[PDB]
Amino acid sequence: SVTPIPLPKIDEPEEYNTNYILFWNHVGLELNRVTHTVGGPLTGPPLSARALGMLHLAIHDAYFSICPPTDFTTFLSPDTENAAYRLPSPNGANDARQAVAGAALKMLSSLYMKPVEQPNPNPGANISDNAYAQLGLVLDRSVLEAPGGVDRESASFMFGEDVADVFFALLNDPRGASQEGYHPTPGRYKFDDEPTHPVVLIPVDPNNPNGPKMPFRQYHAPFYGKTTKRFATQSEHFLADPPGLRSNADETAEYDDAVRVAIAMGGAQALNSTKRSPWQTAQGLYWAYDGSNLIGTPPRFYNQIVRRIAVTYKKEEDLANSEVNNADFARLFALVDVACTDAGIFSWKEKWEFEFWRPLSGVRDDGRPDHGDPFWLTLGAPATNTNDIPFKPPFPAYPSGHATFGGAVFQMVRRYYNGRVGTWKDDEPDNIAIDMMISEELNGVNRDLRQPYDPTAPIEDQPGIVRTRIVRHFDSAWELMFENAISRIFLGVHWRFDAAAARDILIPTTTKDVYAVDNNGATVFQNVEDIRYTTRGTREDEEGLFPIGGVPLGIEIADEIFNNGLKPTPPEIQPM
C-alpha cells in the first residue's frame, strides 16, 4: 500500500535488540525519527521527550508488577483510592515479556495513532494520512520483530494494555504544543522570528503537499511548561534571571562578553570573525539532533547513548534471558526518560517566561557600532538530510533545552551507577566511560543534500555532501553533560549562560565577567574534571539564589526525582 521509507542503519551491536526492554525502547526511537521525517504527532523536543517518558513508565509498571522489586516500588500503586492513579492488578498474568509487549504496543499505538476519537481539534493537527500510515508500518513491523514474539491473546499481554491505558489517560497532553494565542513582543532581549527563516510556506492541505501554501510563523509550545502535568518532580523549579533582564539587567559586562564569545565561537564557517577550530565544529554538530529527517530530536540521541552505557555496565552477560538485566534496564530507562520529560517541562516553562532572544538576533540587532554585527550568520542548527540551510530553533534561548535534557539524563545515570561502576561524590566527576559512540549527524552516511529529500529512496542514493564519520569515546557522564551543553555555543544558537554560569565553565581574567581567549581569539574552557556548577543567581520575583542555565537545572531535576525514588508529582501541586 504505502511505499515504506527506507531508513539508514543504526550504529549499534545487533545484540542489544535481543533484550525485550531494549527492543521496545528502540521501537520508541524509530517512531521518533520517523515522525520527524513525515511530520507526524509528538514532534519537537519537549513532547518527543514525554512520549518516551510515558512509554517507559508503562513498561516499568507492567514489568515490576509481575516481577516485584526490592527497594523501590511501582510508580503507581494498585491499592490507591484515586482511580486516575490506580494501577491494574495482574491476577494470574505471569509473563513479563508479554506484559511489556502489551504496555509498549498500547502506549505507542495511542500516541502515534490516527486520532479518530473526535477530539482531534487542532491540538497539533495538520498531519497528513501518509504520516499516520508511515508510522503504522513501523508499529506493525515491530510486532513481527519483537524478540520472543507477541501473543495478543495472552493474559499478560492484556494486563500490559491495561497499564498503558492508565498511564495514557493520566499523562497524555494532546494540546501541549498549541501556539494559539501567542505572539512575540519585540524589544531588546526579546524572542522573535529568526531573520533567516522569518516565515515558512506550508501546504494548506497536508494531504496535498504540491498544492497551495500559506504563510506560517512557528512558536514551539509556548504554553506547555506552564500548564502540563509534571511526571515525578516534587517541586517547581526556577532559574536566575538571565544577564540583561530583571534583577540582572545590570550584568552588562557579562552580557557584552557573551556577545563577543557568541561571535567568535558560533559564527558561520567562512566568516573572518569566526575563531572556532575544526574539532570544535565537530563537537557542535555531534550533539545536534535538531528534529531532522531520519534523525529526530535530542531525546533520541541521549537514549542511544544510555543504551550503550546500560549494556556496557550490565551485571549479567546474557542480554536475551536474564531477569537481572531486564529489571536493571526497565528501571534505568524509567528514571532516565522520566527525568528527560520533566527537564523538557521546566526548560520550556523557563524559556517562555523570560522569552530571551537567540544570539543571531541578539548580535544583528544589538544596535551598538562596536558591539554588534548586523550581517552576522551562525553555524546554525543543521538541517540534516534536506537541501535547506541551517536554522535557529523556533523557541526562546534561556535556558538551553540540550543542556537541561543533558543535565537531567546524565546526572540520573551518575546517581544510578555510583558505587557500581566506581565511587564519586554525587556532584563531582564520575567514572562512566563509553567508546565507539557515533552520532548520526557525523556517521559517514547522513548528509546535506543538493536537492529535496526523496522519501522513497535510501539516503545513500541521494547526492549531497556526506558528513564525516567520527567515532568518539568519552571518560565520564560529566564530560557528556558538559560537551552536550557547550556544543550549542559552537553552533551559535545559545549564549554561554543558557548552558551554565560562565564562571563555572570559562577561564577567568583579572577583569570581572570577562574570560580568557587564546592566541587566535578563541574562548578557552575549564578542564571537565575541574568544572563544578556552583555559581547561583537572583530572581526579581523570588527570594534566594537559583541555578544559572540548563545543566544546573537538569542536575537538580534529576537529583530530586532520584532522591524521591521515582514517585508521581503530588496532584495538589500540578498546574491549575
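In this text, the rigid core denotes the largest set of C-alpha atoms whose superposition between the two forms falls within 1.5 Å. Numbering follows the first chain given and starts at 1. Compared with the form deposited in another entry:
Fit the rigid core and compare the CA positions between the two forms: of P452, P121, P209, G187, just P121 moves by 2 angstroms or more.
Superposition of the core reveals a Cα shift of less than 2 Å for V199 between the two forms. Put the two forms on the same core and the Cα of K392 is off by 2 Å or more between the two forms.
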Given for the second form:
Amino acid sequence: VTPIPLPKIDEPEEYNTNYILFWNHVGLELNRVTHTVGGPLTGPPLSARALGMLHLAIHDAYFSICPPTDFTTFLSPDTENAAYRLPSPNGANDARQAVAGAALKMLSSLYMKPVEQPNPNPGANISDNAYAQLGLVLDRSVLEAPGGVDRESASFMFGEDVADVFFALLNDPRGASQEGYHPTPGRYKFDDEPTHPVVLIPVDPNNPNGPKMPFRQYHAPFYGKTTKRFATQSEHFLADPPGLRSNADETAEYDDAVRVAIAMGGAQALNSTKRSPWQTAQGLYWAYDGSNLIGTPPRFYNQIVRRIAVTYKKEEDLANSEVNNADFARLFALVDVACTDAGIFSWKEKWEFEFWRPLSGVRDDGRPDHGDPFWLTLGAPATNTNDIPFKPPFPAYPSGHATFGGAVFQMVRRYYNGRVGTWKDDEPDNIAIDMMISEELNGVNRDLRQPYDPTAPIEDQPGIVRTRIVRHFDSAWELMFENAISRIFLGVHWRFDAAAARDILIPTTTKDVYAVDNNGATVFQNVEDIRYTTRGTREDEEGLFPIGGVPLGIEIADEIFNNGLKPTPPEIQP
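Please could you give me the other form, the form deposited in another entry, since above is the form deposited in one PDB entry?
Single chain only below; no partners, no other molecules.
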C-alpha cells in the first residue's frame, strides 16, 4: 500500500538516539496515524490509555533488568495473583532489547488486526487500509530503532512476556462502546451537536465511496464507570456544575458563564466576539482535536514532556546514559499513567452529569436577553481537512483537556521539585521551556481547500497555512493554565469546565460576575497568582469537592505520585 507521507516533527533529532524516547516517539506516530486512517484507539481517553500501557510495559521491562533504588516496579515477580505477576529475566540482562520487546509487543497487540475473534463488533468498523498503514509504522520502527532490534535475544523475549502481562491485565477492548446510550433532552443536558447532528458513514469501511448510512456518535459513554483504573487509589469526584443538583441555585454564575462564553469563544467574524488575535492563537495551540496527521491531546502533552526531559536531563549523553535511561523510563511511566487515569475520571464525570456544551447552552438558553439561537463558536480546528468533520461528541463538564493537563503537568512538577528549583507543591514552579511549537500552528499544517490526499505530503496540498508560532513558557503552572483556558477561547468549554471561575478570573463587586476589559474581553488572573482553592458540593455525597478539570487532574497526579506508582487495588476496581 502507499505509505502516508507524514510531516516533519519540530524537535532535535538527537532525542531519538535515546531508546526510551524512540519508543515513546513510535507511540506518538501511531497516535497521529490512527487518527488519519481511522484505526483503533482513537479519541482522547483511549489514546491516553495506549500510551499509559506502553510506558508501563517499558518501565517494568527496564527496571527488572536495571533495578531501581528509591522505588520499585509496578508489578512484582512474587505476586500470588497471576494477573499481577511480573515475569523474571532469568539471565536476560540487555535492557535495550528488553525495552524493544516490551514496546514492540505492546504496540503490536494494540494496533494490529484482531485475528482472535475481537474483529467482530469491537473492530468491525476499521478498514484493512487503516491496519496496513499502522503496520508500516511498526515495521519501519524496527529498522529505525537505535542500536537495532534483536528479536532472537532472551532479553527481547523477556520484554515481550512483560508486555503480554500488561496487555492482558489492562486492555479494554469494548472501552469505546456506545451501544444502548441515548441522550436525555432538557435544559443543561447533552445531546447531538446542532452543527453536526448526524454523520453519513459507509456501510462498508473497505468501500468508502460506496453506500453510506446515518450515524450518531457518542464518545465512550460507559468507559469511565466500567474500566480498570491504573494507579489511582480511590474514586475521584467533582462538585455539581452550576445549574445542576446541589448547585442548581448558582444562577448568577451560570448566567455570567453564558456571557463569557459568547464574548470569548464565538466565531472570528461575529460582532459579539471580543477574543483577541493572541487569545485565538492560545486556543488553537492546545487543540489536537483528533485531526489528520496530528492526533489527540495526549500526543501534544508527550511532545512537551519530551522537551522538558531533555532540557533537564542529568547527563549530556542521550545515547549511552543509564542515568538518562532510568530518568526517562520513570518520568514517562508516571506522566502517561496519570494521563490515562485523568482520562478515566474526566470521562466518568462527563457522562455522569451529561452537561451540555456552550454551543447548545447559548442557542437553547430560551431567554431573549440571554441566549443567541444563531451563535457559532470558533470551535475545535479541523486541521488538514477541507471541512468541519463530525467528531464523536461528549459532555462538557469537566474539560478533558483541563484534566489531562492538570494530571500531566502536576506529575512533572512533583517529579522535578528540588531538582529544577524549589516550590510548594501547590504553588507555581520554574520549569521553563523554549522553542515549543504546536503542530496546530507550525507553518506547515493547514485548512485545505479540497479533501485531504494521503498519498501526497501536506505541503503539496492547497490550503491556508497555519502561522508558525514559537512559544516559551516560564513554568508547568503556566502550561497547565493556558491548556485549560484555550478551550474557553475555542468556545467548546464553559469557564467552570476548566476550574472554579473564582480561581482563574478577576472578580468584581458583584458576586459570580467577573471583570472585563475596556473592549469587553474577560480578564484572567496572573498565572503566578492562581491557586485552585475554591471547592463546591455534590448532591449525592457529603463534603467539598474540586470544581473543573484542572483541580481534578492535580488531585489524581498527587495521589498516584504519593503512592509511588502502585496498581489500583483490585478490590476497588469497577
